[PDB]
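Number of protein chains: 2
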Amino acid sequence: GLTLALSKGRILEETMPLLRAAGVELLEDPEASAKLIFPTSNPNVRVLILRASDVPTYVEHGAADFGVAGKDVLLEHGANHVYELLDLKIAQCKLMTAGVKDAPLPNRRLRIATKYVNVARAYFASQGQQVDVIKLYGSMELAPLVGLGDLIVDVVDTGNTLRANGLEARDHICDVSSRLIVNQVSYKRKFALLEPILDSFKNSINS
Amino acid sequence: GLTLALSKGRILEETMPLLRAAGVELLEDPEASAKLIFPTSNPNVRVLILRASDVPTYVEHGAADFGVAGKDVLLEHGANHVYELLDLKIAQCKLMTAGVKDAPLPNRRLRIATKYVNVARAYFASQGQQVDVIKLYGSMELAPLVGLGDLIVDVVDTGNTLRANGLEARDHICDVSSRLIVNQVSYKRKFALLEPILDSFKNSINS
Ligand SMILES: Nc1ncnc2c1ncn2[C@@H]1O[C@H](COP(=O)(O)OP(=O)(O)OP(=O)(O)O)[C@@H](O)[C@H]1O
Ligand SMILES: Nc1ncnc2c1ncn2[C@@H]1O[C@H](COP(=O)(O)OP(=O)(O)OP(=O)(O)O)[C@@H](O)[C@H]1O
Ligand SMILES: O=P(O)(O)OC[C@H]1O[C@H](OP(=O)(O)OP(=O)(O)O)[C@H](O)[C@@H]1O
Ligand SMILES: O=P(O)(O)OC[C@H]1O[C@H](OP(=O)(O)OP(=O)(O)O)[C@H](O)[C@@H]1O
Ligand SMILES: [Mg+2]
Ligand SMILES: [Mg+2]
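Residue numbers (the authors' numbering), protein chains in the order written: chain A, 23 to 229; chain A', 23 to 229. A prime marks a further copy of an entry chain.
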């Protein structure tokens with residue numbers, strides 16, 4: 023059958039309506055289980071629950087035939103060995119730069135504190151800046167408060183996180199939504215299983 | 023004053039008794055707050071709550087003067103630009119290799135699924151193996167079930183996680199406890215503040 027890689031929180035929550043419309047429901051709540059492999063109402067489809075970071079890794083190697091990944095994670099991971107088939111328009115946010123509100127930029131090479139080191143470098147390169155990048159894994163909004171780095175790059179949605187910590191978004195880098203990715207082989211070998219799920223999602227997202 | 027980097031869960035929980043003995047208590051529970059900078063009973067000491075991965079990063083750059091980091095995270099991060107001053111003997115576990123119980127090793131170059139790619143490489147190198155490493159961020163115990171990689175490297179404590187997923191530990195790599203690390207400059211510049219806290223911890227750990 024098909025293995026679908028998802029992640030907890032917004033992607034699991036916001037994907038389920040798309041799955042339900044396509045004839046696929048989980049038989050329990052993965053948020054409440056230690057389990058990581060879940061059957062569905064469709065015995066041709068099961069689900070993996072992974073860290074957001076690992077969804078492309080699983081789909082690339084074909085541990086999963088397909089997954090739902092944030093565009094931020096694909097941009098950072100590189101998506102050269104998976105096919106991006108659909109923009110699902112869920113878990114919508116922005117990649118942004120940010121700093122202490124009204125904090126002047128220092129006139130030296132910039133230090134960007136981010137999980138998204140490759141996106142930070144590419145974005146600053148497009149703005150004419152070779153920056154240094156301090157790699158972190160969470161709570162990017164702490165970095166500028168303690169003077170770790172001049173700016174951060176992170177996902178902004180409401181901007182509540184930035185505002186609460188006295189930060190403000192400086193640049194918008196790009197819009198981020200979750201994307202349906204397929205294993206390059208799975209697409210060739212199990213398309214008959216993928217296709218009616220792809221067509222259902224495509225129709226669902228139009229609404 | 024001094025900034026102490028800690029992380030949530032076991033390290034925060036198991037460090038607090040050491041801090042209390044040294045005259046330092048948090049004025050609230052960081053597990054229940056969105057906040058990330060916490061004053062203490064000691065107005066010369068405040069606390070950062072970070073991802074475990076980021077504690078050395080903060081201490082290295084001196085965003086934090088000192089922190090409590092797992093030895094697994096120091097080994098993987100490299101600890102060449104911090105001083106390891108004490109083995110606190112908390113959050114004790116092992117770095118181990120593991121696979122499907124009784125699964126034979128394939129007679130090709132090995133694929134290790136781990137967060138600890140540098141530890142995996144070093145350990146397999148000491149065993150005469152140049153392995154490939156599939157980088158992941160969590161739920162290492164899923165990898166072998168779906169045939170992502172031949173083995174995993176991960177922290178084992180009770181082994182409950184391995185057993186529940188039908189995995190077994192193959193090799194013990196090394197013992198892991200949390201370590202007190204200092205910024206190389208903070209050690210030189212604020213030793214008068216560090217010393218009585220260091221002496222208290224050292225005494226505490228003897229018991
Ligand atoms: N506030 C938000 N609103 C909407 N979408 C978001 C928001 N924050 C993140 N996302 C999107 O959701 C994806 C996954 O979010 P999630 O919180 O699971 O990631 P994470 O912080 O890396 O998780 P982990 O704790 O496993 O590292 C992101 O990669 C991004 O595309
Ligand atoms: N089961 C365990 N028993 C004891 N110590 C543990 C156990 N698991 C991990 N540790 C130790 O605790 C440290 C931090 O644990 P924690 O669970 O916060 O890490 P993590 O999974 O990277 O967290 P995050 O979700 O932020 O990525 C580890 O680096 C290790 O030294
Ligand atoms: O702009 P806002 O609406 O404040 O949202 C932005 C935040 O949302 C996400 O946090 P999440 O809830 O996933 O916490 P975590 O990812 O740090 O665990 C993300 O990590 C951002 O920090
Ligand atoms: O050998 P055991 O006693 O089963 O412990 C080992 C597990 O403990 C930790 O999990 P944690 O509770 O930190 O979950 P997480 O790190 O995967 O979030 C670690 O990630 C190991 O998987
Ligand atoms: Mg998150
Ligand atoms: Mg953990």
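Hints were generated in silico from the structure; no laboratory data involved. Incorrect hints may appear among the rest.
Treat identical chains as interchangeable: a pair holds within one or across any two.
Derived DSS-like pairs (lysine-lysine); straight-line CA-CA distance at most 30 Å [claimed, not checked]:
#1 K116 <-> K210
#2 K111 <-> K224
#3 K123 <-> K157
#4 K212 <-> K157
#5 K224 <-> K123
#6 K123 <-> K210
#7 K116 <-> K212
Consistency of the hints with the structure:
With identical chains, the CA atoms of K116 and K210 are never at most 30 Å apart, being 33 Å at best within one copy and 42 Å at best between copies. Proximity of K111 to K224 under the C-alpha cut-off of 30 Å is restricted to the intra-copy arrangement: shortest distance 11 Å within a copy versus 54 Å between copies. For a Cα distance limit of 30 Å, the shortest separation of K123 from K157 inside one copy, 22 Å, qualifies, whereas the shortest one across copies, 36 Å, does not. When the C-alpha separation of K212 and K157 is checked against a cutoff of 30 Å, the pair qualifies only between copies, where the shortest distance is 26 Å, while the shortest distance within a copy is 38 Å.
In the homo-oligomer, the alpha carbons of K224 and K123 never lie at most 30 Å apart, since the shortest distance is 41 Å inside one protomer and 42 Å across protomers. Taking identical chains as interchangeable, the C-alpha atoms of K123 and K210 are never at most 30 Å apart, the minima being 50 Å within one chain and 33 Å between chains. In this assembly of identical chains, the alpha carbons of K116 and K212 never lie at most 30 Å apart, being 33 Å within a copy and 41 Å across copies at closest.
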